[PDB]
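Participant: Single-letter residue listing:
2 protein chains.
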Amino acid sequence: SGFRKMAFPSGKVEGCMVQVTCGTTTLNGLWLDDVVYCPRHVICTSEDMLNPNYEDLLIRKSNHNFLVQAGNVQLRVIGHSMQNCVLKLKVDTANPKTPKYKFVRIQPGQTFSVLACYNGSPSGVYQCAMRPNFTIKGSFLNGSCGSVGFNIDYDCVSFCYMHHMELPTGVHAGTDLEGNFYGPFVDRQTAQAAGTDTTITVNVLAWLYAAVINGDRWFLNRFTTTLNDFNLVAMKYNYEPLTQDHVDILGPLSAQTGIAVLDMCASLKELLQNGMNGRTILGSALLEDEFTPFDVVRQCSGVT
Amino acid sequence: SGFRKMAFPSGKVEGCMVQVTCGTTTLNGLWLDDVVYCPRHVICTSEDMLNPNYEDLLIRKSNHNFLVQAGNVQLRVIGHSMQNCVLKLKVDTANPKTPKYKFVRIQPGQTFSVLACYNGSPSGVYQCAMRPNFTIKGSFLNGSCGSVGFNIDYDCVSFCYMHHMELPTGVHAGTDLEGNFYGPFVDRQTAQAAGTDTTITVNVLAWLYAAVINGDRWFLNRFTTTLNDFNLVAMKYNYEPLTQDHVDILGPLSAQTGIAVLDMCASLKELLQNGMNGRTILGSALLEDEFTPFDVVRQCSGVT
Ligand SMILES: *CC(=O)NC1=NC(SC)=C(C#N)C2(CCCCC2)[C@@H]1C#N
Ligand SMILES: *CC(=O)NC1=NC(SC)=C(C#N)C2(CCCCC2)[C@@H]1C#N
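One line per chain: the protein sequences are A and A', in this order. A prime marks a further copy of an entry chain. Read left to right, the first sequence gives residues 1 to 304 (PDB author numbering). Read left to right, the second sequence gives residues 1 to 304 (PDB author numbering).
Extracted from the complex, chain A is given alone in its bound form:
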């Protein structure tokens, strides 16, 4: 029993972290096979970030201008290319610590672990979600760009995120491992405002099921509702609309607890309309939306 915001074990990603320096700018890189992936703005100075033309700045860079350090050993760069907002540095040595991996572009509401890094060295690991406005509420200081987000399925690491930017509001923006930003963000130091950070309804429901499984059941009420009625309430409280796909995804949690998805929806509806009344659910005084239904299943069943 007990329910925690759990991140995946980070060792498989720790063994891929390198330092990438180009001129005076240094950031984190990800060494997978004989390639190093890093934000393309490793070729920029702080002044360049105001209005960078990456194609023009990259013309003035050769393989030897990129320094890649793995721990303390220097990897020889034998090729370089820009792919969207990431640079791919072909090195002469395959990473001996390359785990089984895939690059995945996740959907909003999906969760992943971030291995926060500075100078190619790992400092911490935390769990977070791709917000519905395509930002992440990370914890990143200067020097963390290039840190990646990932999920682990048995022995396979699915890299889903690379840290590139911090918006003026303190939220973070980045790309998948193909260099495409999540959301409408750009790698430029210009005012980029995020849209409404709505709550991930299916995740709140999933966490409400985990609460029931762990004995926190005070919030369970005597009512039910329909998807349309629930959605009218969810729209009022800036919650994402719930779909039949989300109901199907909640199926195993509904089966395990004996609580119909729409019955939990009605419980959530009353919580939105009345508040927690000074009470907690799983040690939280607010409704948690950064546990997907699969995260709850994994944590409540013990998937290694």
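Treat the hints as calculated values from the structure; they're not laboratory data. One or more of the hints may lead you astray.
You can't tell identical chains apart in this list, so a pair holds if it fits in one copy or across any two.
[Claimed, not checked] Restricting the straight-line Cα-Cα distance to at most 20 angstroms, the calculated cross-link-like pairs of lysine to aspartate or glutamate (DMTMM-like) are:
hint : residue 1 : residue 2
1    : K88       : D248
2    : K137      : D216
3    : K88       : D197
4    : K236      : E14
5    : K97       : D245
6    : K61       : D248
7    : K102      : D176
Fit chain A' with the ligands to the given chain A structure using the hints.
Facilitator: Same frame as chain A, but now just chain A' with the ligands:
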């Protein structure tokens, strides 16, 4: 910017996790050098746990009765000994993945990361604190016993906890790496009730400083207080008494923010007396007490 419940990168501990089987009971072990550490109740059946005499049960066990599996390879057990509530299995092979390590017995209020494991395989990593009643609010399912808690300083892993038990209330109890339980707990399936789970005052203050550093400053008020006045309020709200040692430990946070420790104490006092009034601090609707002052410094400064 951004503040997250961050755990240490777990790779150095992942490479030490083994499976220990004795008869039909299997739990997690920690392989450091040529020794494997695990809960002594690996020699017990579920019936034995009702009233075990470990010394008597251990007489009927030889080196060959303990099976140790590292990933999938079988380590040869060449010695065994009981040290308090842990068994030490001397194996014929030194762990090639042994990081730099120390065994430390932590004080209540201290935080550490837990690498939750099942069958010697890691499933997740989370951050938690040794509560003032010597329990931990972990997340452990059947098969997780033997999972360890640790802190990392540069390249050195300080192991501080080993999971041994779940109390009837859902909280967890365990030992340091010398087999001594934190608190008055015993490795017996008998009713053990925990004492008052009080709030770690110095950690709440430390998290209030992290909030100020990250821009959440609504709670800062126009008052100050004394240690004695603050402590009268802290006693009323089941908060630990704050000492001059705790004030000294908060010194760097006080220096960085320009907020005197007793001024933050007065802010905390008003928060205890009025509540949050529906507001959040660092995305939390309650006061967080599982970040030590050192954790805040590390996260807000970028220690790898
Ligand atoms: C996202 C990020 O922080 N980018 C960085 N840009 C630049 S100039 C394009 C930097 C420089 N020099 C640093 C790397 C060194 C520390 C200061 C920021 C980063 C990073 N990370
Ligand atoms: C702390 C804990 O869970 N202990 C266990 N005891 C016993 S009997 C002494 C077990 C058995 N058999 C298991 C290990 C296998 C899964 C069921 C529980 C554990 C554990 N862990």
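Participant: Are the hints correct? Go through all of them and say.
Facilitator: Status of each hint after checking the structure:
Within a single copy, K88 and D248 get their C-alpha atoms no closer than 39 angstroms, and across copies no closer than 48 angstroms, so neither meets the 20 angstroms cut-off. Proximity of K137 and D216 under a CA criterion of 20 angstroms is satisfied inter-copy only: 14 angstroms between copies versus 27 angstroms inside one chain copy. With identical chains, the CA atoms of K88 and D197 are never at most 20 angstroms apart, being 32 angstroms at best within one copy and 51 angstroms at best between copies. Proximity of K236 and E14 under a CA criterion of 20 angstroms is satisfied in neither setting, with 43 angstroms inside one chain copy and 45 angstroms between copies.
Taking the shortest alpha-carbon separations for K97 and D245, neither the intra-copy value of 38 angstroms nor the inter-copy value of 44 angstroms comes in at or below 20 angstroms. Taking the shortest Cα distances, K61 and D248 never come within 20 angstroms of each other, neither inside one copy (51 angstroms) nor across copies (50 angstroms). In this homomeric assembly, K102 and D176 come within 20 angstroms of each other (Cα to Cα) only inside a single copy, at 11 angstroms, whereas the closest approach across copies is 38 angstroms.
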